[PDB]
Amino acid sequence: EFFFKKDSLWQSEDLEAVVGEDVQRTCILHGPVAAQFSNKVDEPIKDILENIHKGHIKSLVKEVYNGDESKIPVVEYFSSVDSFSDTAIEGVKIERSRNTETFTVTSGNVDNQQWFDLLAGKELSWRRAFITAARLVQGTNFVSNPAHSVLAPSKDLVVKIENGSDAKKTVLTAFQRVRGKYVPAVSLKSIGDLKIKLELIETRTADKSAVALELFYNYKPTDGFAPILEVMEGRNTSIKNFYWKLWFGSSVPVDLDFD
Amino acid sequence: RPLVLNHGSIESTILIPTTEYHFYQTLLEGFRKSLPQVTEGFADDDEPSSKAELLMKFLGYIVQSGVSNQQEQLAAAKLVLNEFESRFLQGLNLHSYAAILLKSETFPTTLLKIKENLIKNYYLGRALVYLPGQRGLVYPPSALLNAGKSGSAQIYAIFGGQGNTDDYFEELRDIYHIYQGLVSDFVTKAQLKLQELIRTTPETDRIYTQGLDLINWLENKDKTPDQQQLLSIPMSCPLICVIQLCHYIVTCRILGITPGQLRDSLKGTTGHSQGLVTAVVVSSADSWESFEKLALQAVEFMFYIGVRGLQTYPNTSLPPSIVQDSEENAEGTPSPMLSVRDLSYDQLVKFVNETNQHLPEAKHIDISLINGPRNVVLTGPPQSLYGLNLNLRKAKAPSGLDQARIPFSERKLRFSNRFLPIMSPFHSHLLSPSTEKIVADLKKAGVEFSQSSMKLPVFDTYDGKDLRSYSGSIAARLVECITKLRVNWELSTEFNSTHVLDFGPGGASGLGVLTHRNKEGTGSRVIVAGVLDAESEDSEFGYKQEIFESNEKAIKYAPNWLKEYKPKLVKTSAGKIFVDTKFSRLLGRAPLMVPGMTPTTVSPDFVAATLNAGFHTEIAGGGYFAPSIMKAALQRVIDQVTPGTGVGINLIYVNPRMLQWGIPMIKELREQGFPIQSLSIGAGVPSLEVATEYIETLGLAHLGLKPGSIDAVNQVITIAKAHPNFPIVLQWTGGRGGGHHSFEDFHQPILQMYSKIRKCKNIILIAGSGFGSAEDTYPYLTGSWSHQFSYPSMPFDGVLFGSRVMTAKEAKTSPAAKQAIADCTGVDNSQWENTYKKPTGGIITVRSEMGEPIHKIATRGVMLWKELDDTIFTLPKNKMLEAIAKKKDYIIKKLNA
Ligand SMILES: Cc1cc2nc3c(=O)[nH]c(=O)nc-3n(C[C@H](O)[C@H](O)[C@H](O)COP(=O)(O)O)c2cc1C
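Protein sequences appear in the order of chains A and B.
If you read the first sequence in the deposited numbering, its first letter stands for residue 1036, the second for the next number, and so on.
If you read the second sequence in the deposited numbering, its first letter stands for residue 10, the second for the next number, and so on.
Looking at chain A on its own, in the form it has when it is part of the complex:
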């Protein structure tokens, strides 16, 4: 019984190995239901499974959308969206004054999951795909999302969204307090299209002028499980350009062609 029933599944894969390439001596696992249609053999996997998917879509259109495609709830990208319907966050001073949204978090700890809902809300733009993303793709590498760290609600923090309920011209800007004064810590905007620019700014530098660490990202709405990808082709110089002007002056040019 050891020699008979052991490692007997791979002969279906290559049956050049079996004696005379007989298929009747192999062991192919198959459930009894779902075998009465399979006459189409050596079919691509994008056609075996999309035709089940397109066959469901065609059956839902005539059923719950009355045979009309114009009643589908058109979205920008497709992923999970969580419910935080009532705006009752604990410590905040939300005001909306003619496309400027100041969100001075007052005291304690707010719900962070509710905080990022306010931080990018009521649309499906690049901003909601950035602040509420659960993953960042570092070139086939799922890491934690940076917006849950650079925009984590600390005490006395303040963000200012310019026209986030208007268009693609949204400029989110988080301010924080050093030496009693509000300085522009974090900035965030959409340069070009399908490209996001996140720049973290430090004000205490060598020559006492603020320098910004420009980090760029991709944004594909065709994936919703991970819609944000950091571009990495040139960010190691972008950090070295940042730390040059911060350690040394902005007077001396950034020199990387050393020996």
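Just so you know, the hints here were simulated from the structure itself, not pulled from any lab data.
The reader is advised that the hints may include incorrect statements.
In silico DSS-like links for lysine-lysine, alpha-carbon gap of 27 Å or less [stated by the list, open to error]:
{"#": "1", "chain 1": "B", "residue 1": "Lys875", "chain 2": "A", "residue 2": "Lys1040"}
{"#": "2", "chain 1": "A", "residue 1": "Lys1041", "chain 2": "B", "residue 2": "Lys572"}
{"#": "3", "chain 1": "A", "residue 1": "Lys1157", "chain 2": "B", "residue 2": "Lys572"}
{"#": "4", "chain 1": "B", "residue 1": "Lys580", "chain 2": "A", "residue 2": "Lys1097"}
{"#": "5", "chain 1": "A", "residue 1": "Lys1157", "chain 2": "B", "residue 2": "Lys452"}
{"#": "6", "chain 1": "B", "residue 1": "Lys575", "chain 2": "A", "residue 2": "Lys1097"}
{"#": "7", "chain 1": "B", "residue 1": "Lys903", "chain 2": "A", "residue 2": "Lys1041"}
{"#": "8", "chain 1": "A", "residue 1": "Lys1089", "chain 2": "B", "residue 2": "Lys818"}
{"#": "9", "chain 1": "A", "residue 1": "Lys1106", "chain 2": "B", "residue 2": "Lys640"}
{"#": "10", "chain 1": "B", "residue 1": "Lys768", "chain 2": "B", "residue 2": "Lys562"}
{"#": "11", "chain 1": "B", "residue 1": "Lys202", "chain 2": "B", "residue 2": "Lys452"}
{"#": "12", "chain 1": "A", "residue 1": "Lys1230", "chain 2": "B", "residue 2": "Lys585"}
{"#": "13", "chain 1": "A", "residue 1": "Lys1157", "chain 2": "B", "residue 2": "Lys446"}
{"#": "14", "chain 1": "B", "residue 1": "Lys453", "chain 2": "B", "residue 2": "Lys421"}
{"#": "15", "chain 1": "B", "residue 1": "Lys818", "chain 2": "A", "residue 2": "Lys1075"}
{"#": "16", "chain 1": "B", "residue 1": "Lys202", "chain 2": "A", "residue 2": "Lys1106"}
{"#": "17", "chain 1": "A", "residue 1": "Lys1081", "chain 2": "B", "residue 2": "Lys575"}
{"#": "18", "chain 1": "B", "residue 1": "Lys572", "chain 2": "A", "residue 2": "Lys1089"}
{"#": "19", "chain 1": "B", "residue 1": "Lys580", "chain 2": "A", "residue 2": "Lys1089"}
Model the placement of chain B with the ligand on the given structure of chain A, informed by the hints.
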């Protein structure tokens, strides 16, 4: 000036009287000794445990222990009443404030403390103040009844019958104790309706031995007859009807409305057998005097049914070897009503017929009322109902039959039958002689209901028709529906209801929780309307605190499963239609995936082919034997797939050797950063402690689980309820369709566990077991698969394709084996259990390496595998070797060919 009324550890309760405090100082000096001493944490029942329970039993002191004049008793009572109605409860009324007071961790009060100290003493203060109750609209806007009056919250009333509880009188004792000021105008006039008009002047009377002093029994539990005189029909039929009408008088008096003002806020209002009489007086009441003139008619109605129903079938005593036998074989006392539950109707129609044939025509057993598809009661003579109780005893499974590791071989059924606590054969031929005696007796008095002064409908129990559009005497129809006609409860309650009110005499055991599974997932919250019991964490039935609510947004609804989990469509802004499903929201792809199959999803060239197609899959860990080769195979998916996509990992639980490396390798890959997004545990659910090392330590996005049995599905829920924020994906695969079994039917356990699964709102439910086309699995996405079992829509969150994927182009199965799958013919979802006898189009089951009924295509190798299992491989140590030695020449010809 302030005033303290402390007790032990709570000093905070401060009322503000006037400056004339000589009266208040001599008030509380008796109150300071009136309450018992501190039970080290307020554990006594006569002792106040909250800040409000001190103020209310102080009010209960100054009303019940009245020593001064009435001018200062009345003034001090409404001073405590106003400081309580403006500081503790504001806006919301008493039991809604007592709802949140009971579930208070910082003050551990219980139910008998909160009803005796708080609820009872409040309505004593509401009794000496506002004595008739004709003014002073301080009553809050009950938002459930307001929404039912105008809105999409239609309310239906339900009235119980008989046999819900054996001690029904302790409900009437309880409502007369707490609400003594409310239900006393009716109970003193129902007692003087019975004993003064119709018990002193019937034709003859030896059936009321102890009299019917009702008021004397409620305040003195030593004058109450004990439990068998009370269950007797002459003083159980009027007394159950008093209990239901007292629950309707109390509910109309907490809200301060008339019975005709609660009437327009609902519709429907049917009853079971005994409560259909209560269903007419509710639907035809108009005012507080149109009610009482009509509520006493329903008492005089049920007096004649109880009296004449005993004179045509009197109670009898059974042999005590019959009674002691049934009481020790897990039933009750043999009574004329026996309730068979969880047995299908076409099986107990022949279990009755195989007992009725050995019996005379008079001693027949009739199916008297059908409460549901698996819930009927039977009715005959009690010695004859003990007849089929012995027949049912030989077709019942014991507690350890184990048709869960054994397939459907034994024909032992898992049901339960028990005798109801009813002392008369209702809805049978045994009581139908007492009909023309009653109709000619209701015609002697004015106990004919009007049939046109009822404004709500009343659904008949026999055929479900409305009683407003019924020609004939409606009182003569009501005795037909109790004495002889079968209660057909399913089509008597085939209405569309958002909430259902049960003023039953059972409370937490009445018609609400009894017929609860009849309308489980169609969005009808049943509200028991007689008991408070604010502990309600599960959401299958409400309580009396949900009749009234101040705000509209605290109305708890019921889970309409079709409405919540309906598949929808979404279109991106590039022209890509998805199917909006709870599983498809998790992946951002289509709701259909491919599991971790051992010979065919082991190749990285195929796993990457079905990931580029836009579908989820998982590379199986069964075909890998060391973490270095598996990590090099996981990487080989990531090269030939576009960046941003993830993989899944299927690890098998029944070898710890694969979990020796597999669980660490995922942890070393995730913290270094790798697109592994999922982990399914095949062939067994891990225990709760070892599961949280997979959720917390590994960086997975969602955990897959494949429960096979019905305890594993319960075991998944204890992992899901341990942390509700992680997407635990439940992959349900039955016996059919798979490469292995779950040993049971496919859609029998999820027909019972769909309600438990959907309460966990992080469990994603995925159907398996052999799907292969769009029309094959479309009843499973929409929920129209359970329609053929008289069940509601139970829709799935996506499905998964196993053996249908094996003949793909990129699948690494060989082309001679691909056509061997196509020439194999399939069976339907029903006749899959004939695999261990015959080839079902070319598929049998054999034992596994460790021993599992693994499905295979019936080729010549598997027919040899099957033959050696049933001739050699399932033999002992000693006997195997000579069966080898006998057929050694025969086996070798089979192995070589
Ligand atoms: C060839 C084959 C191999 C399988 N291997 C595994 C496995 O390794 N682990 C597991 O949990 N299920 C395995 N399964 C079962 C699948 O997960 C799934 O339950 C089954 O394929 C349902 O098939 P159906 O879609 O044809 O109904 C396998 C099924 C087949 C057909």
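Hint by hint, here is what the structure shows:
1. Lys875(B) x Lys1040(A): Given that 27 Å is the threshold and the Cα spacing comes to 11 Å, the pair holds.
2. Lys1041(A) x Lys572(B): The given pair, whose Cα atoms are some 49 Å apart, is violated under the 27 Å limit.
3. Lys1157(A) x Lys572(B): Judged against 27 Å, a Cα distance of about 24 Å means the pair holds.
4. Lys580(B) x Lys1097(A): 16 Å, holds
5. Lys1157(A) x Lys452(B): The hint is violated at about 69 Å.
6. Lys575(B) x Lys1097(A): 15 Å, holds
7. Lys903(B) x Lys1041(A): 18 Å, holds
8. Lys1089(A) x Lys818(B): Holds: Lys1089(A) and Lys818(B) sit about 20 Å apart, inside 27 Å.
9. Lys1106(A) x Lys640(B): Between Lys1106(A) and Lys640(B) the Cα gap is close to 46 Å, so the pair fails against 27 Å, i.e. violated.
10. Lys768(B) x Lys562(B): Given that 27 Å is the threshold and the Cα spacing comes to 20 Å, the pair holds.
11. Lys202(B) x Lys452(B): Answer holds: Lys202(B) to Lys452(B) is near 17 Å, not above 27 Å.
12. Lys1230(A) x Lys585(B): Holds: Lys1230(A) and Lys585(B) sit about 22 Å apart, inside 27 Å.
13. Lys1157(A) x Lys446(B): 72 Å, violated
14. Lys453(B) x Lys421(B): 55 Å, violated
15. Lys818(B) x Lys1075(A): 10 Å, holds
16. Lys202(B) x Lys1106(A): 65 Å, violated
17. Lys1081(A) x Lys575(B): Within the cut-off at roughly 26 Å; holds.
18. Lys572(B) x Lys1089(A): Cα-Cα ~23 Å, so holds.
19. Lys580(B) x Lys1089(A): Holds: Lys580(B) and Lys1089(A) sit about 13 Å apart, inside 27 Å.
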